[PDB]
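Okay, so here's just one chain, in structure tokens, the form deposited without the named molecule.
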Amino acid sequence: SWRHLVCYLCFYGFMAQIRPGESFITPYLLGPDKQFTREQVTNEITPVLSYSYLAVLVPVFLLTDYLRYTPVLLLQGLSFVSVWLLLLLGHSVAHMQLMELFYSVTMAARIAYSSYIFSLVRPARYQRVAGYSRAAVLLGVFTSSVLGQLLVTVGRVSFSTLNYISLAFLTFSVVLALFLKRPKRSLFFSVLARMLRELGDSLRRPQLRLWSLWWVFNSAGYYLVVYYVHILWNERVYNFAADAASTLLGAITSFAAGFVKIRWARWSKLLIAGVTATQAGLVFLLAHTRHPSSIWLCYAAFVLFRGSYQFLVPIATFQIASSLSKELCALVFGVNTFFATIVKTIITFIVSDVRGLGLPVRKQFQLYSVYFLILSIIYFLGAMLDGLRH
């Protein structure tokens, strides 16, 4: 328990993020093996993922606390294994839709890990473990992306061999998940009413409410910028370089966030306001760039934006866990993720849709920068009001 409780947890996160074939799923489907046209992939396969993610996430956060966080992690690993099995053995569109449903399950089942890190360790070590786990997860993502790109570009492996490597890594990740310490049954746990009442009582607290609003709104803006950053530049090797550098800086900043010594009652709002203002500036930098010999600055801005967000994420998770005097950390995590996805979808429908305020990608990023600026301004006003009522 001295090393294989935290070191093993970080290793499991790192190796569970290892999926070399994850970033090449769409080219694999649009390849000689699967022989799928663009129409089938674009508007018959990925819609299943987009429309099922929330439908899977809704029970996930309700069940992860009661079943404890180990079964949900094992389910996520098995769902990734099923995703890759369907990738290697699917022939029809229905198989790919089922694979995307399992992928939505996998993406919904990460709050289980994000809370399991807190459930394992004493509350006095919440900040460091939150940083360690996020650093390990982002290092795993970076390693998976770099390994896949190396295997497909400089290496001469096919998309099938890369997917076989990913399946082997997922099998090893499942084996690792099979040896995770399941926490105690917990005093907590209709039960729904109990968890809803506890969620309300805990949201009454100021430290949890402040970082839950950040999770709902800053993450929604983060995912809007990250998802639309690829279309903005495309409207190539350097794009993957920017993504990998962003992921590495995010891992470094998440690791550093577990060592910062800040009194999280007077400068918690100020830190959020400063980070959000910096993110607004970086998104404006990503938006207002049109010089051909300036893409290095755009990539640096994107890297710094992702680094700032992944620096504040472990702080948010540790502050939410420490402000919860109940085994409902994953319920709050999932509720925040669900509301962040709802806000992201709403902003996507407004800024990017024919029915809504239809705008090009550059105007979309300008709107995202304005949104981040509004969030920063709100957090600065909240910090000023909190400091005035000392």
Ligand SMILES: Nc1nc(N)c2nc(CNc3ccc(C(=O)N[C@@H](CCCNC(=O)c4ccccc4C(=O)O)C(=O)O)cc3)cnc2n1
Given for the second form:
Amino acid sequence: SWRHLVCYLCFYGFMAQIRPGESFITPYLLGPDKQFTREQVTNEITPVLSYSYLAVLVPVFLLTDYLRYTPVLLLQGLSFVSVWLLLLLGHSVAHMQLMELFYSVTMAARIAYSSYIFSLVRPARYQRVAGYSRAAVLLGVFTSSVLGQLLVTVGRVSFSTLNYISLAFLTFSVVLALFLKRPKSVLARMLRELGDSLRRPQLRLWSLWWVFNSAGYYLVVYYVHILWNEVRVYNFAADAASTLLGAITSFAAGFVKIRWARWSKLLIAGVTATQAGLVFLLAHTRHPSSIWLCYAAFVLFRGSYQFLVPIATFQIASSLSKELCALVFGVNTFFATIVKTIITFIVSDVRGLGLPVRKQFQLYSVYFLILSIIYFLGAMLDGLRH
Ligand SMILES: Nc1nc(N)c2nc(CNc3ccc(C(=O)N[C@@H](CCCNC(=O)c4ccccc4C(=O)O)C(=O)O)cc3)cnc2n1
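Same protein, different form: I have the form deposited without the named molecule, so give me the form solved in complex with the named molecule.
Next comes the full complex, and the chain you just saw is listed first.
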């Protein structure tokens, strides 16, 4: 129980994140294999992903707490395998929509991995496991992305070979998940315990941070691609550097020894202010011969977010019950998604306060600044009442 538990958990987190062809799904659909039109992919496929994610997060976090997290991790792996099988053996648009449902199912089961790494270790080791596994996962993503780009830049393999490699890696990840140790009204009980746990201050603070900062981080990450496109290899370089720095910062977060009873709100306020500054750097840096500054700003922003995430998960779990952690994570993620949607309704789409990408990033920076000011006020209130 000494080596294999944590080492194999980190190894599975790394390998389950290896999908070289996941960054080239869109071109593969538009390439000379699927022959899908651009409208078809943009309208009938990705909105399916978003809607299915929103409708699938709820059962996932309602059930992963009960069935233990190993079945849900196996389900995530099998859904990734099904996604690539549909990619390699799907001609109609309905097959691709089913693939997007399965991809949303995969995206909804990360809370299972987090709560699983948390349920296998003594609470005194909550932080380090939070720092290690997350880092590994991010490292995996890094490797995945890099691998894909390398296999399409230095190598001459087609998208079909890349998808076959991704399917083989997904099968290996499923085999790895098969050997994971399974830990050893009901809904009314769970809701009452959730409320009682939310009465605790640390859980409130870190769940609020999750809900109102993961949404902003996902908005910035998703919209920075089109922000840079509006103004190729450099895009991948920035993405890979940000992922690697995120893994490094999660690893570092595993090792920090900050007194969280008093210096938790301050830390969140400072990091959120830094993220607001970095988003403003991403937005207002319109000088064409300055893209290194924009890339550095994005890399540092992702590094800060992936530094704060393991701390958030560890402090949420340490102030929770046994069969609650996954549920809480899911709810936060669920709420985060909703928040993001709300913002992406009021800033980009459905008329609303419609603005270009630069103005959207300015509003995201102002949103992060508002959060930072709110958290600074909270820290001042905590200090004044002490
Ligand atoms: N037509 C079409 N259709 C598609 N469906 C499609 N799809 C893709 C895939 N694109 C992504 C990439 C990343 C993410 C994502 O979620 N991004 C996170 C991951 C961090 C990893 N870490 C985790 O979140 C994680 C992963 C595994 C287990 C636990 C965790 C965790 O939360 O700790 C981040 O920060 O970048 C979502 C979609 C590309 N092209 C497409 N084209």
